[PDB]
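Listed next as structure tokens is one chain, alone, in the form solved without the named molecule.
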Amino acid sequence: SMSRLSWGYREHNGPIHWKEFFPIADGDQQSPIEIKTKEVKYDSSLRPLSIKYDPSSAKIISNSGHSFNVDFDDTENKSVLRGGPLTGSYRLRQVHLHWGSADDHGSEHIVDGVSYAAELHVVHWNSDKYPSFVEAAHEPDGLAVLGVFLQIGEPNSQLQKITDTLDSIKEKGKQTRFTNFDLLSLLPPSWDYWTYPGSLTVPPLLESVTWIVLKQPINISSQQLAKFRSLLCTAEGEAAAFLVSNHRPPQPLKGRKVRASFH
């Protein structure tokens, strides 16, 4: 039932089928990509990240059917990302996660042929030039997305806040209030990053993202990660299907340059 409104990660509506209704899927700046450190170039002009995330900005966590979405109030300017490869202020809007059916392959971006267990995406939009996320999403400099790798390790106290809510949003469409979320404390201690021009990794797959992938991963226990696979990509009352995997395969680099803020 693949369509312009119905897409997913299953056999009939997975990534390979996305181009059927979203032509840009075969574009020149698609994400994710494989980051080959041998091909990465240090750029001293890249600046450190300057981040401020107000714990009260988070408002709701819901099951979109494609992942869990923690939505933030982006009508105010309390949580913003500056610095890095960015010009101007990018306002925090959403946080979601990508994983795979097994712990050995779940991240979207790949590093030197290796897949981490999962990958967190923190979505921001240029509020200096655009009136809202929608208009920013259609501009090359419109979005800034921080990517954070998750690797299996000791239980993560910060991620636990999210896992504690999963049973309440098991079905697609379910939502529960989620605030007092210290997102900054979820990020790794080192803010060193790789950056390149890309796109949303889910339809509409718009090429408006300046990707900022942090080098240092954070840990998550196998049990915590398994909790995400217990979510359904289907709603209450519909035939059940678990969201066992929700990551897109690596896309052609097409001559793009991946830069490092560290050396």
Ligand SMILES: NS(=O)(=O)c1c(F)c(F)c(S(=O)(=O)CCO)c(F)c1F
Contents of the next structure:
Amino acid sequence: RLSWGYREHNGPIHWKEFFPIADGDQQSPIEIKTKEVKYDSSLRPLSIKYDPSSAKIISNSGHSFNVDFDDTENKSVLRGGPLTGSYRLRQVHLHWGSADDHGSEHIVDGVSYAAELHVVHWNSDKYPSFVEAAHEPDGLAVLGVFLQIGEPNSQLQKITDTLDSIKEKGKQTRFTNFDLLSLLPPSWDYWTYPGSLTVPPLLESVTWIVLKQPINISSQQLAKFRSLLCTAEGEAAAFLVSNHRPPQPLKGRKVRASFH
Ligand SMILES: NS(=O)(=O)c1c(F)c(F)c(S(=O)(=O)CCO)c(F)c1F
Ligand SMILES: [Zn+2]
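Now show me the form solved in complex with the named molecule, since the one above was the form solved without the named molecule.
Zooming out: every chain and molecule, the one shown earlier first.
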């Protein structure tokens, strides 16, 4: 189905109707139970080379905002941690809920955060395209960053300044010179597990790298993402007030930690 969303009749619970992998064995997001998580000394240092001129556009997909990056070069790449080879930056988006008390996709020892930032990368060492890589178990790597309610994050301004211009699904605007690096928290300690896209088609192609340390967002900043529409110009307006999928069962998978 081309009309999945987060409303009552198209939301997460209904996605299994058209995407039965929703009930798969490597579905994301998940709950992270820290007492069960083992530190893995075989994890290499996480290496993050990001070039601000890589960013090209921001658009409203109807499901989030998407910052798209020029990904035919290795100017912005994620290496190390659990990864074999170079994963090229593709895009950035965000998940939130209708209220500040929850809205993260991953939930850590019962704790949810206000929002969760995802940085999507694809294995250009093996696959010809993001689209192809999305269908391979080792094709994608997504870095998740929790956002907790806190004093305002000046590093979100480039993004929040654009939201009016992309109110309607399908809108896009020029977006370059984007300091993605500064959106990350100081500490890059993370958990990692094999999982999926958190959005249809829910492909089980993602090495998840979920950072332990949250960054801040104010309640005022976060409210602005909720006045995005999930509807296109000329369609009955509906607001994108929540766009997060619930944690799915581990089903035997084990979460590893970069740190002890
Ligand atoms: N929540 S998630 O990180 O799993 C995620 C997205 F939500 C997402 F929209 C994309 S996409 O790049 O925009 C198109 C493939 O779905 C992704 F590639 C992707 F990985
Ligand atoms: Zn996401």
